[PDB]
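Let's start with one chain on its own, the form solved without the named molecule, as structure tokens.
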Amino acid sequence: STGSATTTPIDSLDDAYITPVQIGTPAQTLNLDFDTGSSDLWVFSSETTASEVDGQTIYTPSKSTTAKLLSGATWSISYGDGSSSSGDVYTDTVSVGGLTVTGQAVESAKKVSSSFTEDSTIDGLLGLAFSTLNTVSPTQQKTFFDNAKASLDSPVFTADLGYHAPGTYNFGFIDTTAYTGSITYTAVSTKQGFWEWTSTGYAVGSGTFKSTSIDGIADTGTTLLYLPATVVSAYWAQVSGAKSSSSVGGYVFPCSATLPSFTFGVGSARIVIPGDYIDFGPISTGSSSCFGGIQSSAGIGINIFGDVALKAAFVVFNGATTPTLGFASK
């Protein structure tokens, strides 16, 4: 089997991407944030505290003939941005892009933090990291990918995120029309439950490439590119008037600037992030200070190749017995 679904930016900045997902029978379509940095499929639901719902579409298990309470199971998750959610668990039929899993754990939110409530466009998350990170207790649950894997034509999914445009998540096949050149594969460590890999270095603009190992994760659920302070300083030093602002919470730059590109290494291959991908616009409405898309990871504990980096590539998440990542230009 295979699946193919379009993923759409939630706003003009590509802050996140939503993908429609069918849950239950008859189908209830929710727009989920596919997150390769977490491993829970959770949704706004008929159980979510009413004051914490503001425009999201909810899953109502009582209206699904295939929903079953997963008795005794609870979940609770906290994300890198300080957001959180928790609740109970149903199993139900879940389809993505024509690929169907029966018996998928669908984590029904009873509580969500303010950032979720305030984002009306995101109806929940669909985690695509390794199932060792799933938070369901007392019986850990599998991701949609892990449950689909054995049925897929190839044990892979691909992320093809757009810049200010829709893109695609494919499951079970690699669309050889969706990228240019060849795919370079690189080793993955699953030790922390993430798609963790080591970049071979970077360049700023037309500068020379610096060969240096940068361990980090491929995370579709993180907007920005978070790298070591040395690398980030080197990038923003090439932008007149850029500075790190403790009041704003990262590097800002004059909105009048033209940003340089940023290149990262994948083995001997190179992925180039155009400068415009690194512009996240005014810090507040009407400001002439703009927020940068490359930020320091120093206060995180991990480097994160988030959407800024991933949307410059066609990315293969190879879930074979020995997982690997692949990157191609596009």
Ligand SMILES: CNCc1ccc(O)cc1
Given for the second form:
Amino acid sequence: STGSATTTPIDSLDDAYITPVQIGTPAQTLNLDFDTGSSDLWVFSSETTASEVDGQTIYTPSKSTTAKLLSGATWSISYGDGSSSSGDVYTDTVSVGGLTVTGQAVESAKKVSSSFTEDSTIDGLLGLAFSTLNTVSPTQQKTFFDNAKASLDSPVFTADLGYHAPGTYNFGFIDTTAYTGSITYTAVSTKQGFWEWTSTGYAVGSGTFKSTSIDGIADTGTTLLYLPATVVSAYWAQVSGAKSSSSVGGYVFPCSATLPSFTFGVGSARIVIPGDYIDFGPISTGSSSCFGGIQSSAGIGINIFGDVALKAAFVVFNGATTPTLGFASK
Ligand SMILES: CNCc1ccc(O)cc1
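For comparison with the form solved without the named molecule, provide the form deposited with the named molecule bound.
Shown next: the complete complex, the earlier chain at its head.
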């Protein structure tokens, strides 16, 4: 089997991308944020505290003939930005892009934090990191990908995110029309439950490539590219008037600037992030200070190759017995 779904940016900055997902029978279609940095499939639901729901589409298990309470199971998760959600668990049929899983754990939110309520475009998250991070207790549950794997033609999914445009998530096959050149594969560590890999270095604009190992994760759920402070300072030093602002919470730059590209290494291959991808626009409506798309990972405890980086590439998440990541230009 295979599946193929279009993913669409939630706003004009590509803060996140939402992909339609069918849950239940008859289908209830919710727009979820596919997240390679977490391992829970959770939804706004008929159980979510009514004051915490503002415009999201909800899953109603009582209207699904295939929904079953997973008796006793609870879940609770927090994300890097201080947002969180928790609730109980149903099993139901879940389809993505034509690929169906029966008996998928669908984590129903009873509570969500403010930055979920305030985003009407995200109806939940679909985790695609390793199932060892799933928060369901007392019986940990599998991700949609881990449940689908045995049915797939090839144990892979691919992320092809758009810059200010829709893109595609594919399951079970590699669309050889979707990228240019060859895919370079690189080793993954699953020790922390993430798609963790080591980049071979970086360049800023037309500058020389610096060969240096940068451990990090491939995380579709993160907007920005979070790298060591050395690397980030080297990038922003090339933008006149850029500075790190404690008040704003990262590097800002004059909106009048033209940003340089950023290149990262994948083995002997190179992925070039155009400068335009690093612009996240005014810090506040009408400001002439703009927020940068490359930020320090100091204090996060991990480097994160988020959407700024991944949208520059065709990315293969190879879930074979020995997992690997692949990157191609496109
Ligand atoms: C913006 N805070 C809620 C949130 C949204 C999306 C996501 O991947 C994690 C957390």
